[PDB]
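The chain below stands alone, shown as C-alpha coordinates; this is the form deposited in one PDB entry.
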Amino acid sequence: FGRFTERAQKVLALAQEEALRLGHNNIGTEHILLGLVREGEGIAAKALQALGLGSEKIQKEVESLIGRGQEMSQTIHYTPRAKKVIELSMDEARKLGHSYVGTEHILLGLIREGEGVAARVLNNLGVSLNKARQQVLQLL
(Lines of atoms letter the chains of each structure in order from A and count residues from 1; the text may use other names and numbers.)
(Lines give C-alpha, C1' and ligand atoms only; values in the text may rest on other atoms or scores of the structure.)
Protein backbone atom coordinates (compact mmCIF):
# COMPACT_ATOMS: atom_id res chain seq x y z
CA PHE A 1 0.00 0.00 0.00
CA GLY A 2 2.29 2.80 1.33
CA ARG A 3 5.75 3.20 2.86
CA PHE A 4 6.68 2.57 6.46
CA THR A 5 9.60 3.71 8.55
CA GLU A 6 11.72 0.81 9.63
CA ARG A 7 10.20 1.19 13.09
CA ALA A 8 6.67 1.32 11.75
CA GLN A 9 7.45 -1.80 9.80
CA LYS A 10 8.53 -3.34 13.06
CA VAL A 11 5.35 -2.19 14.74
CA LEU A 12 3.34 -3.97 12.05
CA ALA A 13 5.64 -7.00 12.21
CA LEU A 14 5.21 -7.16 15.97
CA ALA A 15 1.48 -6.75 15.42
CA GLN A 16 1.55 -9.88 13.34
CA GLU A 17 3.71 -11.73 15.85
CA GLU A 18 1.38 -10.65 18.63
CA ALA A 19 -1.60 -11.80 16.61
CA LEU A 20 0.00 -15.11 15.78
CA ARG A 21 1.42 -15.64 19.28
CA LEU A 22 -1.86 -14.72 20.98
CA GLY A 23 -3.22 -17.09 18.38
CA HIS A 24 -5.75 -14.73 16.87
CA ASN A 25 -6.92 -15.36 13.32
CA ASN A 26 -6.47 -11.71 12.46
CA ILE A 27 -4.18 -8.79 13.09
CA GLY A 28 -6.53 -6.24 14.58
CA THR A 29 -6.05 -2.75 15.88
CA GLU A 30 -5.24 -4.25 19.25
CA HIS A 31 -2.28 -5.98 17.69
CA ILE A 32 -1.14 -2.80 16.04
CA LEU A 33 -1.45 -1.21 19.48
CA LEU A 34 0.70 -3.99 20.95
CA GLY A 35 3.17 -3.60 18.12
CA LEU A 36 3.36 0.12 18.72
CA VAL A 37 4.30 -0.25 22.34
CA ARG A 38 6.45 -3.33 21.84
CA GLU A 39 8.50 -1.67 19.08
CA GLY A 40 9.71 0.35 22.03
CA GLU A 41 11.62 3.25 20.54
CA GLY A 42 9.27 5.00 18.15
CA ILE A 43 7.26 8.05 19.16
CA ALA A 44 4.23 5.77 19.36
CA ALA A 45 5.95 3.61 21.92
CA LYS A 46 7.24 6.66 23.76
CA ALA A 47 3.75 8.24 23.66
CA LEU A 48 2.21 5.05 24.99
CA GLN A 49 4.67 4.65 27.87
CA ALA A 50 4.16 8.33 28.62
CA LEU A 51 0.42 7.62 28.75
CA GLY A 52 1.19 4.90 31.30
CA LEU A 53 0.57 2.05 28.90
CA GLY A 54 3.31 -0.58 28.97
CA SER A 55 3.22 -3.70 26.81
CA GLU A 56 1.95 -5.56 29.86
CA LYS A 57 -0.97 -3.26 30.70
CA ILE A 58 -2.04 -3.41 27.10
CA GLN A 59 -1.20 -7.08 26.72
CA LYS A 60 -3.36 -7.97 29.68
CA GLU A 61 -6.28 -5.81 28.51
CA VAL A 62 -6.06 -7.12 24.97
CA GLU A 63 -6.15 -10.70 26.22
CA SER A 64 -8.93 -9.75 28.59
CA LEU A 65 -10.95 -8.79 25.49
CA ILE A 66 -9.87 -11.33 22.89
CA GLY A 67 -8.65 -13.99 25.27
CA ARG A 68 -6.21 -16.36 23.59
CA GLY A 69 -5.09 -18.89 22.30
CA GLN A 70 -6.10 -21.37 19.63
CA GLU A 71 -2.94 -20.39 17.78
CA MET A 72 -3.20 -22.19 14.41
CA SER A 73 -0.91 -20.29 12.00
CA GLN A 74 -2.31 -20.04 8.44
CA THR A 75 -1.05 -16.59 7.38
CA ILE A 76 -3.40 -14.13 9.07
CA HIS A 77 -4.64 -10.80 7.69
CA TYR A 78 -5.47 -7.36 8.99
CA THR A 79 -8.94 -6.89 10.37
CA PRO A 80 -10.86 -4.32 8.35
CA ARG A 81 -10.28 -1.84 11.19
CA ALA A 82 -6.60 -2.43 11.25
CA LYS A 83 -6.49 -1.93 7.46
CA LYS A 84 -8.28 1.38 8.03
CA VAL A 85 -5.95 2.33 10.81
CA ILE A 86 -3.09 1.63 8.50
CA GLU A 87 -4.74 3.67 5.72
CA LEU A 88 -5.37 6.44 8.20
CA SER A 89 -1.79 6.23 9.38
CA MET A 90 -0.69 7.12 5.86
CA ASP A 91 -2.90 10.17 6.08
CA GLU A 92 -1.52 11.02 9.47
CA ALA A 93 1.97 10.82 8.04
CA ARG A 94 0.98 12.93 5.03
CA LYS A 95 -0.58 15.51 7.31
CA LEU A 96 2.53 15.64 9.40
CA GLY A 97 4.62 16.21 6.29
CA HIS A 98 5.80 12.65 5.83
CA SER A 99 5.79 10.26 2.87
CA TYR A 100 6.66 7.44 5.21
CA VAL A 101 4.33 6.20 7.87
CA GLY A 102 6.15 6.10 11.17
CA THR A 103 4.98 4.75 14.50
CA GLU A 104 3.55 8.12 15.54
CA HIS A 105 1.38 7.93 12.45
CA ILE A 106 0.14 4.38 12.99
CA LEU A 107 -0.72 5.39 16.55
CA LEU A 108 -2.39 8.61 15.43
CA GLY A 109 -4.30 6.64 12.82
CA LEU A 110 -5.27 4.05 15.37
CA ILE A 111 -6.40 6.88 17.60
CA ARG A 112 -8.19 8.72 14.80
CA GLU A 113 -9.94 5.55 13.73
CA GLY A 114 -10.59 5.15 17.40
CA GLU A 115 -12.96 2.26 17.17
CA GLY A 116 -12.24 -1.38 17.67
CA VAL A 117 -10.17 -3.22 20.17
CA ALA A 118 -7.09 -1.09 20.47
CA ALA A 119 -9.31 1.91 21.04
CA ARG A 120 -11.38 0.05 23.64
CA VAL A 121 -8.16 -1.06 25.28
CA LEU A 122 -6.98 2.53 25.57
CA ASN A 123 -10.37 3.43 26.92
CA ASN A 124 -10.44 0.48 29.28
CA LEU A 125 -7.00 1.54 30.50
CA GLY A 126 -8.17 5.09 31.15
CA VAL A 127 -6.62 6.75 28.17
CA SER A 128 -8.98 8.81 26.08
CA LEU A 129 -8.17 8.84 22.41
CA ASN A 130 -7.65 12.56 22.69
CA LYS A 131 -5.21 12.29 25.60
CA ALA A 132 -3.36 9.74 23.48
CA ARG A 133 -3.38 11.94 20.40
CA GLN A 134 -2.28 14.81 22.64
CA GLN A 135 0.70 12.83 23.93
CA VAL A 136 1.84 11.79 20.45
CA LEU A 137 1.65 15.38 19.25
CA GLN A 138 3.54 16.61 22.32
CA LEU A 139 6.28 14.08 21.49
CA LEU A 140 6.47 15.44 17.91
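Residue numbers count along the first chain shown, from 1. Just so we're on the same page, rigid core means the largest C-alpha set that superposes within 1.5 Å between forms. First, how it differs from the form deposited in another entry.
Of the residues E115, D91, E63, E71, exactly one exceeds or equals a 2 Å C-alpha shift between these two forms once the rigid core is aligned, and that residue is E71.
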Given for the second form:
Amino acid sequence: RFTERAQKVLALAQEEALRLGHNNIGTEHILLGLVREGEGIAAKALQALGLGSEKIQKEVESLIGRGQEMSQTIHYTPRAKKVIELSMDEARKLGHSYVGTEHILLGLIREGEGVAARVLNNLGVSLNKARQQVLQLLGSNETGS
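Next, give the form deposited in another entry, keeping in mind that what was shown is the form deposited in one PDB entry.
Single chain only below; no partners, no other molecules.
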Protein backbone atom coordinates (compact mmCIF):
# COMPACT_ATOMS: atom_id res chain seq x y z
CA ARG A 1 0.00 0.00 0.00
CA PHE A 2 3.04 2.29 0.45
CA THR A 3 6.15 2.37 -1.70
CA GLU A 4 9.51 1.72 -0.11
CA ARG A 5 10.43 5.40 -0.27
CA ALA A 6 7.08 6.47 1.21
CA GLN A 7 7.86 4.16 4.13
CA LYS A 8 11.22 5.96 4.52
CA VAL A 9 9.40 9.32 4.60
CA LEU A 10 7.16 8.12 7.43
CA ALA A 11 10.20 6.91 9.34
CA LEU A 12 11.93 10.26 8.91
CA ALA A 13 8.82 12.17 9.98
CA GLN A 14 8.98 10.35 13.33
CA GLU A 15 12.77 10.69 13.48
CA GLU A 16 12.53 14.45 13.06
CA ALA A 17 9.81 14.88 15.67
CA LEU A 18 12.02 13.05 18.19
CA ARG A 19 15.23 14.81 17.13
CA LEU A 20 13.63 18.28 17.50
CA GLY A 21 12.06 17.57 20.90
CA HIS A 22 8.47 17.64 19.64
CA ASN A 23 5.70 15.46 21.08
CA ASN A 24 3.67 15.58 17.87
CA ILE A 25 4.31 14.20 14.40
CA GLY A 26 2.70 16.99 12.39
CA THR A 27 2.47 18.17 8.80
CA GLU A 28 5.83 19.91 9.31
CA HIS A 29 7.50 16.58 10.08
CA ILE A 30 5.91 14.96 7.04
CA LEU A 31 7.37 17.83 4.99
CA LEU A 32 10.78 17.29 6.57
CA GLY A 33 10.56 13.59 5.83
CA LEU A 34 9.68 14.23 2.19
CA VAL A 35 12.68 16.47 1.58
CA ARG A 36 15.23 14.64 3.74
CA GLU A 37 14.47 11.25 2.25
CA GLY A 38 16.36 12.80 -0.65
CA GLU A 39 15.70 10.23 -3.37
CA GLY A 40 12.02 9.77 -4.03
CA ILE A 41 9.86 11.63 -6.50
CA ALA A 42 8.73 14.03 -3.76
CA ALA A 43 12.29 15.05 -2.89
CA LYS A 44 13.07 15.59 -6.56
CA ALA A 45 9.84 17.59 -7.10
CA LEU A 46 10.47 19.72 -4.01
CA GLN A 47 13.99 20.39 -5.22
CA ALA A 48 12.65 21.30 -8.69
CA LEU A 49 10.49 23.93 -6.95
CA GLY A 50 13.45 25.45 -5.08
CA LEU A 51 12.53 23.77 -1.78
CA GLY A 52 15.71 22.34 -0.40
CA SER A 53 16.32 20.27 2.69
CA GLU A 54 18.38 22.86 4.59
CA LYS A 55 15.88 25.65 3.90
CA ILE A 56 12.94 23.58 5.11
CA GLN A 57 14.89 22.52 8.21
CA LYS A 58 15.64 26.16 9.06
CA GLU A 59 12.01 27.20 8.55
CA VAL A 60 10.55 24.48 10.76
CA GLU A 61 13.01 25.18 13.55
CA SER A 62 12.39 28.93 13.29
CA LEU A 63 8.59 28.67 13.24
CA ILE A 64 8.25 26.00 15.92
CA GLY A 65 11.58 25.92 17.76
CA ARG A 66 13.25 22.90 19.32
CA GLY A 67 12.14 21.17 22.50
CA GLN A 68 15.67 21.31 24.02
CA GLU A 69 14.94 17.77 25.22
CA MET A 70 14.24 14.85 22.91
CA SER A 71 10.57 14.07 23.32
CA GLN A 72 9.40 11.01 25.23
CA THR A 73 6.31 10.14 23.18
CA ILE A 74 5.19 11.03 19.66
CA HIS A 75 1.76 10.76 18.03
CA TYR A 76 0.51 12.02 14.67
CA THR A 77 -1.62 15.15 14.73
CA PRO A 78 -5.13 15.07 13.26
CA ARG A 79 -3.93 17.09 10.26
CA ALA A 80 -0.99 14.77 9.69
CA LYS A 81 -3.34 11.78 9.81
CA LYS A 82 -5.58 13.57 7.28
CA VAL A 83 -2.56 14.16 5.01
CA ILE A 84 -1.78 10.43 4.97
CA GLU A 85 -5.44 9.60 4.28
CA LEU A 86 -5.43 12.14 1.47
CA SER A 87 -2.27 10.58 0.07
CA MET A 88 -4.16 7.32 -0.44
CA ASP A 89 -6.92 9.25 -2.27
CA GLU A 90 -4.33 11.07 -4.37
CA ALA A 91 -2.68 7.79 -5.40
CA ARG A 92 -6.06 6.29 -6.33
CA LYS A 93 -7.04 9.32 -8.46
CA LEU A 94 -3.77 8.92 -10.39
CA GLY A 95 -4.23 5.21 -11.06
CA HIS A 96 -1.63 3.99 -8.56
CA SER A 97 -2.11 0.99 -6.31
CA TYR A 98 0.93 1.98 -4.22
CA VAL A 99 1.13 5.31 -2.37
CA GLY A 100 4.42 6.98 -3.24
CA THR A 101 6.27 9.95 -1.81
CA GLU A 102 4.68 12.16 -4.46
CA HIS A 103 1.20 11.23 -3.21
CA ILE A 104 2.14 12.15 0.34
CA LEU A 105 3.39 15.47 -1.07
CA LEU A 106 0.16 15.97 -3.04
CA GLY A 107 -1.87 15.11 0.06
CA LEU A 108 0.09 17.69 2.08
CA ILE A 109 -0.48 20.41 -0.54
CA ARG A 110 -4.15 19.45 -0.91
CA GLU A 111 -4.73 19.66 2.85
CA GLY A 112 -3.22 23.08 2.50
CA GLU A 113 -3.20 23.94 6.21
CA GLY A 114 -1.14 23.45 9.31
CA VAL A 115 2.48 24.20 10.02
CA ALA A 116 3.66 22.81 6.69
CA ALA A 117 1.47 25.36 4.88
CA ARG A 118 3.20 28.15 6.81
CA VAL A 119 6.63 26.83 5.91
CA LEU A 120 5.65 26.71 2.23
CA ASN A 121 4.10 30.18 2.42
CA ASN A 122 7.32 31.55 3.90
CA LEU A 123 9.09 30.26 0.79
CA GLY A 124 6.66 32.01 -1.56
CA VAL A 125 4.84 28.85 -2.56
CA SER A 126 1.29 29.15 -3.78
CA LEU A 127 -0.19 25.76 -2.97
CA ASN A 128 -2.48 25.64 -6.01
CA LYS A 129 0.40 26.41 -8.34
CA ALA A 130 2.69 23.90 -6.63
CA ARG A 131 -0.02 21.27 -6.99
CA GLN A 132 -0.28 22.05 -10.69
CA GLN A 133 3.52 21.88 -11.05
CA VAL A 134 3.83 18.56 -9.23
CA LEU A 135 1.12 17.08 -11.42
CA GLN A 136 2.89 18.42 -14.52
CA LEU A 137 6.05 16.62 -13.39
CA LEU A 138 4.14 13.37 -12.82
CA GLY A 139 2.47 13.75 -16.20
CA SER A 140 5.91 14.05 -17.81
CA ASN A 141 7.51 10.99 -16.19
CA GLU A 142 6.86 7.29 -15.77
CA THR A 143 6.29 6.78 -12.04
CA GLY A 144 4.68 3.35 -11.72
CA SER A 145 5.68 0.59 -9.31
